[PDB]
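Asks: Chain by chain, the residues:
There are 2 protein chains.
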Amino acid sequence: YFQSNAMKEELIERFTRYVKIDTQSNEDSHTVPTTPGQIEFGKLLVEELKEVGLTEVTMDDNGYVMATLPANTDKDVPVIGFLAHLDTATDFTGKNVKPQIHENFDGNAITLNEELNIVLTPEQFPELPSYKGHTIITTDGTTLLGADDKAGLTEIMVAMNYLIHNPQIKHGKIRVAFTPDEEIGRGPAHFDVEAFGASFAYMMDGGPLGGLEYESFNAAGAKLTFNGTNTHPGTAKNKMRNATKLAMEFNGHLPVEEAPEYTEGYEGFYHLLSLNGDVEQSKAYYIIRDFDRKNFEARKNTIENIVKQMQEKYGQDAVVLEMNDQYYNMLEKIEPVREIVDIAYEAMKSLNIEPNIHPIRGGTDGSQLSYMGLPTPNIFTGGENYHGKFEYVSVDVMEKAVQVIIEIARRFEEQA
Amino acid sequence: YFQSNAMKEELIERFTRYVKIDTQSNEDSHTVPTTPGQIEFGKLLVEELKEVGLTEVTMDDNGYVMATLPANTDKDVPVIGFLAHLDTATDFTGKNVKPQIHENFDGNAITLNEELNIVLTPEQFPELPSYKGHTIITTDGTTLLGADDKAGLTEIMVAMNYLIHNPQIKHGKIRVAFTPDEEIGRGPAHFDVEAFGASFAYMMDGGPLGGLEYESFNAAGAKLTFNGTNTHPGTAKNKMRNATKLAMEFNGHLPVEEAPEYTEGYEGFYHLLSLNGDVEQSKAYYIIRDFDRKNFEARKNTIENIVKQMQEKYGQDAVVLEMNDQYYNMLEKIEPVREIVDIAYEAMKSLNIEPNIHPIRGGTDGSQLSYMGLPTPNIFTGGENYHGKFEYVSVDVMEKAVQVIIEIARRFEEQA
Ligand SMILES: OC[C@H]1O[C@@](CO)(O[C@H]2O[C@H](CO)[C@@H](O)[C@H](O)[C@H]2O)[C@@H](O)[C@@H]1O
Ligand SMILES: OC[C@H]1O[C@@](CO)(O[C@H]2O[C@H](CO)[C@@H](O)[C@H](O)[C@H]2O)[C@@H](O)[C@@H]1O
Ligand SMILES: OC[C@H]1O[C@@](CO)(O[C@H]2O[C@H](CO)[C@@H](O)[C@H](O)[C@H]2O)[C@@H](O)[C@@H]1O
Ligand SMILES: OC[C@H]1O[C@@](CO)(O[C@H]2O[C@H](CO)[C@@H](O)[C@H](O)[C@H]2O)[C@@H](O)[C@@H]1O
Ligand code: NA
Ligand code: NA
Ligand SMILES: [Zn+2]
Ligand SMILES: [Zn+2]
Ligand SMILES: [Zn+2]
Ligand SMILES: [Zn+2]
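One line per chain: the protein sequences are A and A', in this order. A prime marks a further copy of an entry chain. Take the first sequence: its letter number 232 is residue 226 in the deposited numbering, and every next letter is one higher. Take the second sequence: its letter number 235 is residue 229 in the deposited numbering, and every next letter is one higher.
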């Protein structure tokens, strides 16, 4: 019982302290970090990292916190990193969060707030019953919780504290980073990979037990402008050209089923975001997504070919194409160092956790960092229902996440 | 030569006086008439009508001028009317018009303005050469001319002056009206049909020689709102519903060739005016037009049926239809008194004019007046290139228009 007692206690102590700090980010601010709460949280973590005993504890002028757990081995082991973000979602308030601890959960509905009649139900959240017997933490219904990503951050702190206090567990050098403004898309913008100094890293910002993510979409955006000629409707024969119809003609050339509303898993798509215009001019916006690089390029070429075909029919000025790549599949950067996914998978299996591979049907900080030279899979944290008042987390699962971090560290050293 | 000498002289004298008065209308004004120039023109015409010798010469508080040519017959003849509008187009300035008289026209290009290099060419206007030998009046390239509709108005004045001075030509009572704000769509709004007191009338607001119009579109307008559900693209399967695609699905059910850009003559259509929206909501505007009443109603029912079909597929709230009739085919009102078209046709043939029937692929003041209880065909005036700096008119054709008015009046009396 000793190991679990110590870990559960510490997880709850740190997590409840962190969620009580307002760290919501705000895109309307242009400082880095965007909100002062992130600076308060960072300064608190700097002191916590120093008290645990990590070295090289820094917080840069942009609020990025980094620290080192020195190697504890005679072997040459790659430097590995663990990452988490400081901020909470812009969707709902993260101010004055009142965490509620529900031990030995019965798997039934939880009344978060009697006065406001706010109830967390299994009907609305079918995964709720699977947490029977766990210790879960919820909000009081008036705020989100911030398990995304204070649960992952807590797990890193608890795992580092465990390692430094268990020198019999050998490991190479480990770097940790706590970063601002992930929720507004600015996290990687000021992440200094050279300063971080790791070969690869694990982002602790997944969700439920077993989550492992390391593949993401290739992405491009396109804007099509169609130009026509308006005339009085009555005298339009062989003179009028309806730009809106040209837009519909363009869309008609795309495979109807290759759209987000019909696809999942690794299936790609074309997605029509908007169409605005009239007879004289119409503008359509699309995104193009595919996990397979060859097929992604083929989707872009399909658009080019349709445009060429319509320009030959209506003239070069009738169709104008703006198209630019946006981001790429992180698997391309993981492949040369694929053992980093194998070690995470093996770590989970060794702890009797069934891994759940989740393709990232979009882009994340981990997928962008991968592109920047820091291959970074995303690992589960135990959180559910992120970005709203019904957010909750299983402390039992948080403990499993800590165990995974420890096992990954030991495994890199053992295999070196 | 006497008849033609007198008529050409008078046509040019009156027409050139009228075009020099700025009578452009302005929709931004909400007085009736919208501009003071129309009041000046009306007051001038009241005095001109009195000097010709017409009776019951009135100008109401809204600027509508009416007058009577008393019957000159012992027979019971229906009261017939002749109409023209006071205002010029909003498209180009009608201020300080400088009419140019080109006698014995050679059918070649006319330099309207040497200083600004403005030239009226047969390449740009292929009908120009057909006027070889005529006396034509043009602008100086800095204004429009106002033949629309001061040519028709002049023709009415010259015809009434001719009738009163030729009492040997028998006719029933004739009423004339000169109306403001036709060019901004407000003419019929304050036209008092009861006060006008005619069974039917002829609008002198056609164009080239032989023009005769008495059939117009039935019309309805529709606005379709499509409602969908937006989601993150990556997690859209069986959740997202793209409103813009619903709009395209709706349009796809309509016959592609039944559109203004592929139709002429009596062919009807559906016309997509605009489409604006995104995944959550999209709005399309259409007009529906058909000369045949049964087919017009069938087009409306087709739209209703498509909406019903889509509501059964997606739910009642997914598609919202606003649809209202706008105006109707004047032929329905002409049919009970069809002899009024026969008399105009016969009048033209008797003067060796080949009638040119022009379906009205829209709505006009004549078609709206018909609906209001005053069946009103539109007769040619001799004007070409209306609403711009290249507007011109054939005085030879103006003379033919005067002859047509006279013949129509005599013919009603002869057939009574
Ligand atoms: O041979 C490359 C070709 O193979 C595809 C699958 O048809 O992708 C495979 O190879 C990629 C490049 O090494 C891997 O990243 C990918 O995971 C693998 O399936 C095509 O996409 C690619 O053009
Ligand atoms: O640690 C992986 C990370 O480092 C970079 C830096 O250039 O690549 C290095 O490591 C790769 C994996 O072993 C080698 O293939 C490569 O030659 C070496 O430069 C990044 O490209 C990569 O993401
Ligand atoms: O029988 C009426 C029926 O005939 C159509 C032609 O198919 O129209 C004709 O009859 C109308 C009603 O009297 C006329 O106005 C029209 O000009 C004539 O062609 C249908 O439109 C109508 O339903
Ligand atoms: O002058 C035609 C005009 O008068 C109205 C007025 O009611 O109809 C009258 O004349 C018709 C044509 O002879 C008759 O069929 C009708 O009964 C009579 O009232 C208008 O309806 C019509 O446009
Ligand atoms: Na994304
Ligand atoms: Na019209
Ligand atoms: Zn997160
Ligand atoms: Zn988040
Ligand atoms: Zn006119
Ligand atoms: Zn006009």
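Incorrect hints may appear among the rest.
For chains that are exact copies, the list does not tell them apart, and a pair is met inside one copy or across any two.
Said to hold, decoys possible - Pairs of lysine-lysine, BS3-like flavour, derived with a Cα cap of 25 angstroms:
(1) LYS126 - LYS294
(2) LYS164 - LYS37
(3) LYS231 - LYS217
(4) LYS14 - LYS327
(5) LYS288 - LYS302
(6) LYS277 - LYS217
(7) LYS231 - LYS294
(8) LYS394 - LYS14
(9) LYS288 - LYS231
(10) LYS14 - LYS294
(11) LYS92 - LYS277
(12) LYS2 - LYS394
(13) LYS89 - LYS302
(14) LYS69 - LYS167
(15) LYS164 - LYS277
No lab work stands behind these hints: they were computed from the structure.
Asks: Now tell me if each hint is right for this structure.
Replies: For each hint, the structure was consulted:
| no. | hint | verdict |
| --- | --- | --- |
| 1 | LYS126 - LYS294 | neither (48 angstroms within a copy, 59 angstroms between copies) |
| 2 | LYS164 - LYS37 | neither (29 angstroms within a copy, 107 angstroms between copies) |
| 3 | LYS231 - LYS217 | between (29 angstroms within a copy, 24 angstroms between copies) |
| 4 | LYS14 - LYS327 | neither (37 angstroms within a copy, 79 angstroms between copies) |
| 5 | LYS288 - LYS302 | within (21 angstroms within a copy, 43 angstroms between copies) |
| 6 | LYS277 - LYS217 | both (7 angstroms within a copy, 20 angstroms between copies) |
| 7 | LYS231 - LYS294 | between (35 angstroms within a copy, 22 angstroms between copies) |
| 8 | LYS394 - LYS14 | within (23 angstroms within a copy, 93 angstroms between copies) |
| 9 | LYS288 - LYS231 | between (44 angstroms within a copy, 23 angstroms between copies) |
| 10 | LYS14 - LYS294 | neither (47 angstroms within a copy, 61 angstroms between copies) |
| 11 | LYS92 - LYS277 | neither (47 angstroms within a copy, 44 angstroms between copies) |
| 12 | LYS2 - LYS394 | within (10 angstroms within a copy, 105 angstroms between copies) |
| 13 | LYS89 - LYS302 | neither (53 angstroms within a copy, 48 angstroms between copies) |
| 14 | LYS69 - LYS167 | within (11 angstroms within a copy, 119 angstroms between copies) |
| 15 | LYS164 - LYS277 | neither (60 angstroms within a copy, 65 angstroms between copies) |
In terms of the numbered hints stated before, the structure departs from hints 1, 2, 4, 10, 11, 13 and 15, listed from lowest to highest.
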